[PDB]
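Taking the form solved without this ligand, here's one chain by itself in structure tokens.
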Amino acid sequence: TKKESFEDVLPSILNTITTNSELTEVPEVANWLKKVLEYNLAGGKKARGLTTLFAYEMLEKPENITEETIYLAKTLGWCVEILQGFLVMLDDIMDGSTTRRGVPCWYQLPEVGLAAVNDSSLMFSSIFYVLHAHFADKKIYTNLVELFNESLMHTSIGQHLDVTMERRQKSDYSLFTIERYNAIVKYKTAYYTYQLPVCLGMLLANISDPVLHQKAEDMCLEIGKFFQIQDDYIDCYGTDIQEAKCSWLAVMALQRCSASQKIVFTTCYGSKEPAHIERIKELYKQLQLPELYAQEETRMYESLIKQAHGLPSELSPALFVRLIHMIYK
């Protein structure tokens, strides 16, 4: 039901974007941009956007939830989805990707090409037109604008930490530390899937107390951690191993390795040979990482719920409970 409710305000958004702007004197660009947005949003799960809606729907008082304020939540939600299109659009560029949701990447198309980097710039800036339309005069405006600039930085830091990981020398695993794994989930994943939508929700519902934003933050990051650890683990039991990714399993494995075992790791990780993969999966078993996951998942879940249940009523422990439950199973 809600995913159709969300896709319904899109068309309007792309008209808001092709208007209150200098684009009236350059209608050609306006139509080239529209095409970038519709393509680079099209398809996919719409989750980060929905989560932005869902958050508001739960933190605002229902007497205060109106016809209009649902439209704004769908908007902010949409701003976040543009932010994603922006990121995935340059994950491809940097990661040599060739397709995405069936169709080829936006940069693979012949008429587009490496132009794309400029198309990236255009999408992002669009966020700030929409913000100006529906929020120029409101009191939260600055915060919204700040919060979106802030976002581009977090995800850039995270992008950097990821490319810097994939540079390396194949056989050097000195950055495969839980310290650095946590920073990768913090900066690239967590923020714009959980913090950003939540935080964006709070502000529509005029929740501003600093120490409430801090408690919401802490919660989202604990959460994304919990998300990632699952995702990583499910990948093993996917291709995480043969691509030499910094999974929770790579990191833990290296903590527990004897020096001999550490060599089996460096040698066989990052390889397509079934014999090699099998070796890593075996060494994982030896190291009792499955044993360790099942304990950690439980503790993390339990302490995450208990964190929600203790939260001020302003933050809808309800909200944060569901978020956690959604990732459970």
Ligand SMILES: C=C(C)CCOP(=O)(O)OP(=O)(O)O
The other form holds:
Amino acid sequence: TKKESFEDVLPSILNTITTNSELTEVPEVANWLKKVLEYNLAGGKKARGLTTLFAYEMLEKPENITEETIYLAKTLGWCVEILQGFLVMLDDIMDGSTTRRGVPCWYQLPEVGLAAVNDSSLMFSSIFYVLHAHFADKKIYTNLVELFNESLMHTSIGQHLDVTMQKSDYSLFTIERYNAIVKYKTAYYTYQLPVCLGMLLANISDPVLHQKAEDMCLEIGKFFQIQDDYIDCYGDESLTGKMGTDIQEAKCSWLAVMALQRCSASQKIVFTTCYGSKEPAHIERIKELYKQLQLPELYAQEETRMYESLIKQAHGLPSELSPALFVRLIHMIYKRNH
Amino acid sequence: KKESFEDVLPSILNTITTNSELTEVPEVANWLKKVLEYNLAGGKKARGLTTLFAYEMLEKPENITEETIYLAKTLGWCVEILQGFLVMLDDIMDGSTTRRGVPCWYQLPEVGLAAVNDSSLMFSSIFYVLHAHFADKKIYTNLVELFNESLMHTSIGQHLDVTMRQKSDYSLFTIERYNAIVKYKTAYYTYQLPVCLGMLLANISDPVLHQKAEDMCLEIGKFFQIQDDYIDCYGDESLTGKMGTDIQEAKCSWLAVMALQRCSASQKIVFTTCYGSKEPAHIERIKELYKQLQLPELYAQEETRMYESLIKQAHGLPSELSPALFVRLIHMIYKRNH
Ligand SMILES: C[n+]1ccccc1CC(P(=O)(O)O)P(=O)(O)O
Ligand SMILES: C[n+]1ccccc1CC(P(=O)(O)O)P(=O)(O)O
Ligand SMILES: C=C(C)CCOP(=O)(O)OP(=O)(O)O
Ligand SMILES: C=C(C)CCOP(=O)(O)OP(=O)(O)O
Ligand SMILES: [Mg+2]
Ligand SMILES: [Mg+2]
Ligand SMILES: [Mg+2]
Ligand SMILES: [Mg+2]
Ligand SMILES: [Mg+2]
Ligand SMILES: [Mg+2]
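Mind giving me the form solved in complex with this ligand, seeing as the form solved without this ligand was just shown?
Next comes the full complex, and the chain you just saw is listed first.
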């Protein structure tokens, strides 16, 4: 498949990183970074990486594709996956997670701890070395750099809106707020960024076509993140790799937004009493409540209603952008369970 | 002047807002204004100033305009923001309580570990500022690369510093390790970065000049950080703004390296029992020892010997690099007590 052609290049990227920086003079560190990247890139569906590649392939004229440019698309893809490793390494710190992708969270390991913040800084550094190494003499260098940087700003905005903190006043848990959280923290780097890289590599220029792409990208990313929210509560931990914590940490997830939309007055009491606590009596009661408000069934309807809506918006796009591309991206996620 | 450097800060903060997606999320735009104002306030502004001085003294005098000076101040403020990012992450890892006379950001009650996200914000800001003022100049890509290289070098240094002895084994507390730690964790971004920024702004691009600058900059940084280590122990918290933690955190600081050169066989046993403990009497026993071994006296001599040595080198530089500039920079930190 396409996944095995993408995982092939990992050791080569690991090597590019070392050889193209001051890590060569300090191999104690160049070896520590190899262990960090291998652990924090392992497991995982590699979806953002693939998306970048698939996008290049689907968008470039097949006669202009070279083996060189395919390698570059895999490299860009891997930058995005490093980005992802960086973000979830910090995210697990802010969310007091204990596992991810089947194993303990990087910071949980005993030899690491809060030293993880610096491992993240190493990872995020790597990306610009790789970019610099391949791309310094090409006209698109600036655009690539700018894009990875925007994607950090957006992701940081989102993360702030999410982790921003009164006990039992759940009146910021609105749909207006959830839509902003999920635009900035997930949509931009998960879909806008891969596709936009695919577009740059394919030398697509039109600022009107970028906009049309952004609009569709962000719709899909909201979709994606509503599924993630569902999975936190209802996913199977062996399949998903992670223990679900949105309830205990009192996050504004889609499920809580929807619970509040549906609650009677007494149920709202139950919710503002038991949501956000780590006691397991309290977490069971909140899942019993999600069960009565019939949210697993709403989810199913909404997954399908958005699915149809996206497919329809995808078929509305100019062909220079490839409807097929978006259709497939949507199918990759539709009905997923991890 | 410093107060003429501080006069430009409101137009920077302003450029960070208007120039990004923050124009759409005024909640987050404001939060970032608080993060920047709190974490840029207090402190010597020295790396910012070094940027300005380096430009003004490497440039040919009649090219210096009301505009290029604003540009040099803009670049200084980018370095100051970088400083803010690094101290904010260092303070988490080092377990500090206060910086610049006030609580460390992560210590503030509402922030906690979500400080890692604010650091990402601050880091992303740097590049909106660069884009706004340099997008359409030939030095843009270099400016961007400098910043990203500076993150790498610093993180490498931070890695060698946070990587934890294995009980009472101080066999790694050597000067070879100390040298490696300080060259990477401090010298690159404290002196090598600002001076290089001034060089870029004054079209100096001979890479034998960039090399000679760099060899002098790393020596000055080594020195600067030795003073830092002395201050952790012996500085006045009201002059300095921060509490000392090197002893408690069992840091490879210049003082421990030197104490291990001087310990007798029984004193090495006192030092190994008590170094690296939060117990107030253990911390006192190590300072009692630092006094027995006469380290304050050692410092004073060494500070001066190293000072002489740096001055010899500054005078050995070629005219286009301005020995005056380096001489100036040295005199600005020689005998500093915060
Ligand atoms: C969705 N997301 C976006 C940016 C960074 C990290 C994540 C992780 C997810 P996850 O922890 O469920 O994998 P979130 O904690 O729900 O937000
Ligand atoms: C020296 N240094 C370099 C990079 C970032 C932060 C610092 C902070 C100092 P400081 O915490 O004493 O101000 P260090 O922890 O002793 O190394
Ligand atoms: C944005 C989110 C939900 C973070 C995890 O994304 P994935 O669930 O794609 O994580 P991996 O497949 O890369 O583990
Ligand atoms: C590299 C170190 C020692 C970090 C603190 O640097 P300064 O001593 O320059 O602190 P501020 O002037 O920015 O407060
Ligand atoms: Mg989260
Ligand atoms: Mg999480
Ligand atoms: Mg989640
Ligand atoms: Mg430190
Ligand atoms: Mg410190
Ligand atoms: Mg110190």
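Residue numbers count along the first chain shown, from 1. By rigid core we mean the largest C-alpha set that fits within 1.5 Å across both forms.
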Point to revise | Candidates 37, 283, 50, 58 - which moves between the two forms, C-alpha at least 2 Å, core fixed | key: 283
